[PDB]
Structures are given as C-alpha cells and as structure tokens.
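Residues per chain are reported as follows:
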Amino acid sequence: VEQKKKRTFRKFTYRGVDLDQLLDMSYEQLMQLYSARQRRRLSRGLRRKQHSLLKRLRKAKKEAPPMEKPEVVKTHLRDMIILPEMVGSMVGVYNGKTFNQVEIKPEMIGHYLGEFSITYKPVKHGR
Amino acid sequence: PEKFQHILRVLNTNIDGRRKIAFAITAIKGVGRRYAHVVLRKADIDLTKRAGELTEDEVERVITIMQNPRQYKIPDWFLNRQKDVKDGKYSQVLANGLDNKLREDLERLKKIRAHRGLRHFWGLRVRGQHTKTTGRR
Amino acid sequence: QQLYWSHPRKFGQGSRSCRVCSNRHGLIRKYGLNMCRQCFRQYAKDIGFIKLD
Amino acid sequence: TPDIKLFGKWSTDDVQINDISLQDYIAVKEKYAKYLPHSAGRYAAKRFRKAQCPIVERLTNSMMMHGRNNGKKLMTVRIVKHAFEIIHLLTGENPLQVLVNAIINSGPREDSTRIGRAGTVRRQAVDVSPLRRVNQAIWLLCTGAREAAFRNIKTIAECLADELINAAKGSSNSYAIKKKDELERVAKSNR
Amino acid sequence: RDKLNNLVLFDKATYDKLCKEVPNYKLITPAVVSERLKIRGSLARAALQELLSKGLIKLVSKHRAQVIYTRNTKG
Amino acid sequence: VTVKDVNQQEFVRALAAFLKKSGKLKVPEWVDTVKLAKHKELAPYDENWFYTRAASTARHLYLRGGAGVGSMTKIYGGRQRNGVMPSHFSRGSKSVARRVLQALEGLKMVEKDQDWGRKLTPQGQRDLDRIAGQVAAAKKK
RNA sequence: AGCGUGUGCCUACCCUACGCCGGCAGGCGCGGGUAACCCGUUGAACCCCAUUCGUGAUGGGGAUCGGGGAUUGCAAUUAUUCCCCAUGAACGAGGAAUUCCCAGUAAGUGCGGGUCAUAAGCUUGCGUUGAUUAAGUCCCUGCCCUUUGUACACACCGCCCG
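Residue numbers (PDB author numbering), protein chains in the order written: chain P, 4 to 130; chain S, 6 to 142; chain d, 4 to 56; chain F, 14 to 204; chain Z, 41 to 115; chain T, 4 to 144.
I should point out that these hints are in silico values taken from the structure, not numbers from a laboratory. Even for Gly, the Cβ is constructed at its ideal location relative to N, Cα and C. A few of these clues could be false.
To be verified - Calculated cross-link-like contacts (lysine to any residue; reagent style SDA-like; alpha-carbon spacing at most 20 Å):
1. T:38 - T:84
2. Z:98 - F:103
3. S:54 - Z:67
4. T:38 - S:48
5. T:143 - T:11
6. Z:52 - S:48
What the hints assert, rightly or not - Anything over 10 Å on all C-beta distances counts as not near chain T; from chain S, calculated:
7. 25
8. 42
9. 58
10. 61
11. 111
12. 125
13. 135
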C-alpha cells in the first residue's frame, strides 16, 4: 500500500471523490458529502465516542505484519457509519450472539456496520 | 388530422405511437409518469396529442432532455439517482440502463455480504417487514 | 458513583408509570392524571369522575 | 315559478297515470309539482308513506346505488335532470310522463313465491300489490340503466333515457321489460 | 369481449364521413361518434367542439361531464 | 359589480388573463417543473397556470382581512392517496404561494398586513373592482 | 363544519398563526395563548364545477423493489415515520359459507381524542353527504311462556344393540 501499483489496484471513487482523496481528509469533510443518514448519525453521535474503537482500529492496523490482514477489533456498535478512516480494517460485528468478522471494503462507505452482520436465520418451510 | 407513424423506437424500447406521448413514453424503463410529463413540457410539445403524431425533430428533443435533465431546469430532486456514490452524482438512469444499475446495486451489497444482500440472494425481503405470514405463494 | 446503572429514561413507556401502582401499561395520561386504567377504574369516584351516560 | 310550479322546467299538470290501480303510488302531483328531485324527505317511519314521495325523486334515489354511489343524491339529481332532457329531445312529450309510463309498464302484475311444497319445492303463482309493482319497476329500470352503462362509453343519464324510453312504449329492448316478462312468465306456470 | 380499438388521427375520408354523417343522428355524444365510426374518444371530443363550429350539431347541455347534442336545426 | 358580484370562475378567468396581457408579474423560473402540491398527481396541464393562481389569490385576499401561505397550501391542498392507508389533507406547496404573494406585492395588489398575513391594497382593491366590472359588462348569458 | 385539544406539567417540556429559504419533505426567524381571549368566523374532506381522459389493469390499482432527500431519538441497522424519483404486481366483482342493520339508519366522506419522543392501516367519538328496504313474523337460529313426554340430571355436547 505504498508505491507504483504495489498493492493498490482496487480503486473506488466515492462521491466523485477519489480514495486517495478520501483517505486524506477529515471525517468532517467526508460526511459533508453525501451519505445523508450516516452524516447525521455521526454529528448527533458526536461528542462522539466510538473514540476508543477508532484507536483500537489504528492500533491493530499497526501491529498487523506488513502483508495482509491481522487480528481484528470487536464491537457492539451496530449503528456506526463506515467512513474512509476505517477502510481496510477488520471488524467483529455482533448480532446478538455472534460476532461476525468483516473486512470493510471502500464500497461499503456510508453504510452502517449492522448491514454486514445478519441477525436472523433465513428459516425453513420444508426441511 | 393527416396521419402517420404507429410504432416508434427510442433508446432501445418500442413505443406505441397511438398512445398519448406522456403516457406513450412511460413504457421506457425509468420514465414514470411524473417524468415523462415534465420532460415533454420542457421539450416544447403541443401537449394536446398522440405519440404516433409529432416529428423526428421533437423526438430527439425529448430524448436529449431525458438524458440531460438537469441541464434543462429539471431539478435534481425529480431524479432517480441522486448522490451517486460512485461519482457523486446525481443522475437519472434510463432505458435498458435501469435494469443494469439495479443489478449493480444488488451485487454491491452481496459482495459486501450485508444482510440485505443476503436477503435478495435467498429471495426474501429487505425492508423491515414481518416474514411470518405473508409473501407466501 | 457507579457511572454504571442507567440509560435514558426521558421518554416512552419506560419514562412513566402509575402514581398509584408502578404499572407501565395501559396508562391514562390525559388531563395529567397519570393513573393506569385498572386503577383509575377503582379511583374514579374519589377523583371526581362520575358516570352519567 | 309563480305561474305554475314546473319541474326543473317541466309541467306536472296533464300527466295521467295511464293505468288504473297504479294510480297513486305513482306520485306526480294531484298537486305536488315541485322544483327539484331532492327533499329532506322522511318517508321511512310509516309503511305506506313512501307512496307520497314523488316518483321522480323515488327514481332518483334508486339511482344512487352501489356502495360507492351511496349518498350521492346531488349526482343523481344531476343525472335525473339530464335524463329528462334527453328523453324530451327523443320524443317531445313530458319526459316525466315518459318516466311514469315506463314505471306503469314494468311492474310485474303476477309473480311467484317460493311456497314450501314438500320436497321438490314448487312455486305458487300469486298476484302482486301495486306498491310492489311500483317499487319493483323503479328497481328494474335503475338496475337496467346502471348495468348497461358500466362497461360502455355512454352515461347513466343516456342509458337511463334509453331504458325509460324503450319501457315507456314497451320495446322489450329494455333489460327491465325482459325481466318483468320473465318474472310474470314464471308466475303463470307454477299455477 | 368487448375489445374496442380506435382510429386516433384524421384520415381525410374519415373527415368526410364526419360532416356527411353526423347530421343523420338526433343524439350525438362522445360514445356515438366512437361506436358509429371508430373514433378515439379523444378525437371524438375534438370533433364535437369543432362540429359545434357554427353547428352541424346543437348544444342542449354540456354538463361538465356531458355534452348532449341534437341533430342540426332542420325541418 | 364589487368583486363579490361576479361569479368566481369568470372573475378569476378574466383577471388571470388580464394579468397575462400586462406581462409584468414575475415567476420562479421554475413553473415548468413544479407540481404545486405533494398531493398532486401531475403538474398543471395549463403550464400557463401561474397567472390563474395569482388571480385566484388576489381575489381570495380581497375577500378577507388577511391571509398567509400556510392557509393557501391547505386551500390548494387536496386529498392525498395514502395508498394502503386512508386519504388525508395535505396543504399544498409553500414556494408557489409565497412567490405568488411576493410577486403580487410588486404590483402592489397586496401589502403586508398588520399582525401577520397579507392584505389587499387599495390599489389592488381598485384594480379587482375594475376588472370585476368588465366581466359583469361582457354579457349576460 | 362539528365533538374535542393545548404550554408555564411528579421532574422533562406545549399548541402554533405570521416573514424568509427549499420542488418536496422540510429548514429558519418571530410573536400570542392557563384558552369563550390564541391556534381557529376550526374558510375540512365528500361534494359542486370549467377542462382532460375514453372505456385500454389504462390515467383504474398502488404492491414489491432500487437510489436519493429530511424528521424523532444518544442509538432507527430489522425499513419508526415522511417525501422525491424510479421499478408499476395481483385485482377487470368473488365458490362453499357468512356478519350486521329500520332512520340522520345503511353506506360514502373527512376531522379530533387515546396510544405517543418518534410512529395509525387501530380503537374511540364527532360533524358532513345520505338512500334502498320489512313494518312484520316465529320458518331457520337463539332464549324464555304454558301444556306434554323423557331409561336424561357432569342434564342431548345427555343416556343404546350385536
């Protein structure tokens, strides 16, 4: 993730904005664009408070070797909004009994954590 | 008075000509009634008539407005795809292209494995609705 | 001291009861009486609510 | 208005119920001319009173049928006023006379009742009261007009005129006339 | 049944049919023109307002809902 | 005729046209695009309609002490088809009526009234009365 | 138009007219009101009407889904809700059955109150528009009136033969 091609090559622009550009602002300037539900949540969230979580993310991003994935970071904050600061990390996303483990691709942006950890079970009529 | 066409094609859909333009257009995927009504008003047509009537001229004029609506005093709120995301558009998807983007969007959140995606994949529901008693047949 | 021990109680069913009996269910909130219906039935005479039709 | 109390603009005088017995639950106005087929009308309390009610209004009321159309008297009054005009264009006359005639012609004289009959229940030919004859007729014509009008371009006022005119001189084109003959035919057997 | 398909634009010859017929009928409304020709209903309408020109046909009530026209003003 | 003398439809019809001739009213550039009410099914068939509303409002104010946009939204507001749910009131747009109110001011037909609400001006009062007469005069019929 | 409603509250908070911005949804600035004072001459909705449509599941219908805007809340993801667009389903009159009803009654039609932070397809009244139709009877059904029969009496949903 630094140099010509190397690693890079998945692209993704969010809202006309590029991930190069995305990864470089302030979460401020990201929510500014377009997302509207996620942005209100973080403003109102605010004061904001998943503080420690975000430090837990960067921490394990560091301690991860130099090639790949690493260990993950757990949470119950289903209502959290995915913002470029997060992308590339690994989130243990609780659903009531299980923590599903999910890498956050840049596409997810603006989505809520909960949308990637299914609570319910499909079901059954015959079987 | 006069005649002609019955049966005219715009951008990849066959549009019955007998029919009134506003209504006639609404065959095209992505042209609903509020759409087609405002597009035509923009496009200068005697509202009073049948799609089969009118000129090749007026037709391109409808299409041109239809795929650049913003550029014609059509507000964005009137539009199908605001806020793209992938490009941060605004847009108004049209024709064959609506089926396309529908597919994309479903794929997107199926790749990401989000519960909605999963729901679409099994062919259940994604808005919060009870699944115990209905949509059974 | 135990910062631990509360989450919002401002509004909803959970923010109120029966001044008579604690019950957070079937609560008469009109005219500020704030009695559960079962109780209000038993106290409507002493409050001044009388049957006429 | 002051000379004679006409209808929307039609004269009550000189219309004669061409049918003894019926005379009189068909209420024109052996003095009662009014202006409009709408009234406060309390007919319900008594069994008879309905007869008092002007036949025109009676016809207008039957018009507003089917759950959606219930209570739409203004709509019926509007339809009735139009129908009379269409009828008039079609034959001069008093359309009110035309209306009365259709009513006189449609009431089933004879009918049938489902007499218990033991088993294979047979049906007993009985004669029919004049109140019933009037009541039944107005239905028949209204149901006739309403039924015809529904999938066709033509309006109730028009379909009503058509049902009324055909019936006034019993053309048998009419739904109602065919129905009445059917009810009566049934009455005769059974006996 | 009753499937109705309508000629929704003027065909000359159908223009002639209109002025050389409609004086025939005593009653003409949207429906008449539609059934007796094979006029749109939309192009019925425009034919009514036109016909009332200086009329082939004569107004006796055009209640919002309904025009009701008579034969022209003959003997 | 007082404006009260003329039937509402002809009065509004005549005045609305008069406004059209005058050529100076002014018009949120939109008006091509706008529905006029969320309740609304389609916009107005007469894209020309901005004038008609203006006339309608001018007449509406002249009648009464003072009125404001909320009232108009509701007046214009029709019943909205909830779909599954039963139908309910939905007071009609506020931009159109406001713009109508602002524009009318430009002509001086109406002016801010005391204690909120726009009132007709004597200039407007005179203007409406004048057209009212013209309409009455036209003919019998 | 009508029954009704409100803040200054057992502990967090009201009803809101009016100016501006926004297509909308809504945003924003004010100012009154313990109310017969103010919101609200509740300027409601059906409806009435001048047009269009034209008998095509079409403009009847608004399902499902996609994207997006905003409001409530610390938190809405399992959509609280609302809007805007788009996608534009079945349904073209309902078998066996079966509810309820006699005059402001049936039915259409909006409103307000309860729930309530937010959230109505609900319930619970209210006015508006307003018929058809018995005017009675005990047939079916249900329940109580005599007389009568009864091996019944946990009472016919009861107590019988090989």
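Here is how each hint holds up against the structure:
Simply put, residue 38 of chain T and residue 84 of chain T have alpha-carbon atoms about 15 Å apart, close enough for the 20 Å limit, and the pair holds. Pair hint residue 98 of chain Z plus residue 103 of chain F holds up; C-alpha atoms about 14 Å apart against a cutoff of 20 Å. Note on residue 54 of chain S and residue 67 of chain Z: the hinted pairing is violated, with a Cα-Cα distance of about 27 Å set against a maximum of 20 Å. A C-alpha spacing of about 17 Å is found between residue 38 of chain T and residue 48 of chain S, which places the hinted pair at or below 20 Å, so the restraint holds.
Taking the CA atoms of residue 143 of chain T and residue 11 of chain T, the gap is about 15 Å. The hint holds against a cut of 20 Å. Proposed proximity of residue 52 of chain Z and residue 48 of chain S is contradicted: the alpha carbons are some 29 Å apart, above 20 Å. Interface exclusion of residue 25 of chain S from chain T stands, the closest Cβ pair being 12 Å apart, more than 10 Å. For residue 42 of chain S, the condition that its CB be more than 10 Å from all CB atoms of chain T is violated, with the nearest at approximately 5 Å.
In this structure residue 58 of chain S is separated from chain T by more than 10 Å, as the shortest Cβ-Cβ distance comes to about 18 Å. With 10 Å as the threshold on Cβ separation, the claim that residue 61 of chain S sits away from chain T holds: the shortest Cβ distance comes to roughly 24 Å. Residue-level check passed: residue 111 of chain S sits 25 Å from the nearest beta carbon of chain T, beyond 10 Å. For residue 125 of chain S, the requirement that its beta carbon stay farther than 10 Å from each beta carbon of chain T is met, with the minimum near 23 Å.
The non-interface label for residue 135 of chain S is consistent with chain T: the shortest C-beta to C-beta separation is roughly 15 Å, beyond 10 Å.
When the structure is compared with the earlier hints, violations turn up for hints 3, 6, 8 and for no others.
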